[PDB]
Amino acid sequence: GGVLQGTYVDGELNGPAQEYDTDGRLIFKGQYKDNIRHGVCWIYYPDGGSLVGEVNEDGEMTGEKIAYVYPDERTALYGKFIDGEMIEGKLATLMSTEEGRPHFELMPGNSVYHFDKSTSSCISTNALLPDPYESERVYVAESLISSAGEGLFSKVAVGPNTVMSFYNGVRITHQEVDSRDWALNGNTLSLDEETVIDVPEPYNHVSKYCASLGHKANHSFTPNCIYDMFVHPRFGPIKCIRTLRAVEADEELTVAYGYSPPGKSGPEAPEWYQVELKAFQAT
């Protein structure tokens, strides 16, 4: 599936090439040499992020100068990667692109980021190491909504379809979430058919966990954001918060929580939600 526009020299791929996904989105741009990815290549993710760097002998993203670039196409985690996996990335800025080749400038400080996919019990190896892309776009504060605890706010004005925050957390089964005390489900977010993401009790406090902040976004029936899929260099496959339209600086980010046909919709919706739902219906 999907098209691969290539340059061939006697049977094998040799020269520039560009690949697209079934949807016609550019997922790869670079070149091949004897049917193998060669030189500085770019891998583009559906969510807007990407991988770029001097590929190795086997055509993979393995090197000491590989980089993951966030959706703003400016914030980057530059460093050591093995076959696309971030082993030791340092915060940097993509200054410019010279003939397809990127130029990175490290940011002050030597914090190291690495692939650290959560487990059912470990949410992160550095719960208090913030996400640099998040630090630029959002902040947590008392929600403008009444009796709704903390909310998530935009630091600057941005347009529609902008990735603002990441929803990372421990990974557990739907079975476990549907069968346990529902009072423990305030932060559960369905990732897919087999995994639910949760930011369990202790970590729901910014003073204990600030690696991602998506779980701080409150609900609204007229939301300005939606939950979207995201492949993070550090968190791995998770969900993120993306704007549905332009948002002002200091505007509160909200999303419509998921509450399918009767029965096949899992646990009942919280009391606060049901209340607002009625108040909303025929507002």
The other form holds:
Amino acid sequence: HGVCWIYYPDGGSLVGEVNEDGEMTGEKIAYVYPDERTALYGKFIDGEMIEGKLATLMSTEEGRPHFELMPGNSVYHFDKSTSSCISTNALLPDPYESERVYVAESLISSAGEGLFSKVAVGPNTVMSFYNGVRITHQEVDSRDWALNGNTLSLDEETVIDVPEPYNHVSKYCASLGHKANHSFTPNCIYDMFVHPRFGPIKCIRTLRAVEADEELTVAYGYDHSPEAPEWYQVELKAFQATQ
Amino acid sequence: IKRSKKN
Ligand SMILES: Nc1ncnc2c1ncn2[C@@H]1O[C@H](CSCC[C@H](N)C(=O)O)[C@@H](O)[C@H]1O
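For comparison with the form deposited without its partner chain, provide the form solved in complex with its partner chain.
Below is the entire complex, every chain and molecule, led by the chain shown above.
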């Protein structure tokens, strides 16, 4: 009975007893979110989630965790996106994200919908996930801006996107990172995240304390000249003329 | 040229 905890740089972790081979394989393995309380407990094979049920890490004694299942039939599994598939269940929300953010009309004029915090949290808090289909930089950079409203660079090889009609919450709510609007004085940043369901993606993490019902914003970081959507260039000029 | 968000 040698319990192992594997923590990712983002704060999440994998915990459980390894098999004879030394791999996270069994019916009692769990992924614990960055709040070190919300968890997905169940069947995992070599650390990969096969059937995780929503649970709560009640306590830990000498490294041994005690989980209690949450009511309901909420099960999740590794479901990495491809270039054409965003999710096997687009309407199944993420439990950790669901308790921290919500979509509403943005406070930014003519910005459509925005992402808002459900709670007061301190600096460096993961609030939302930015999952989407995986496409190349060439495909993205070689097409009109009209189609790049939700593109986010993951790494040098991959760009995450939430293309129509998934940009509508009625069509896709597995993750909500794409709903955060831009600001040159953002309260959040896009950060790397290793998700048990979405795999390697990015998350929205606070830069500082945020209050309940405060709109979450991130700096989109488009190239600037002392190419970007017109609305962006406009706000850029307006920003330079205050401060 | 890069038409995606970056950080
Ligand atoms: N600061 C800002 N000012 C005006 N529009 C903004 C903005 N930040 C984001 N947007 C708008 O949001 C898009 C990025 S996706 C953010 C979600 C979007 N507002 C929605 O309702 O789905 C942009 O293409 C732009 O239309």
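Heads up, when I say rigid core I mean the largest set of C-alphas that superpose within 1.5 Å between the two forms. Numbering follows the first chain given and starts at 1.
Taking the rigid core as reference, the CA displacement of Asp181 between these two forms comes to 2.7 Å.
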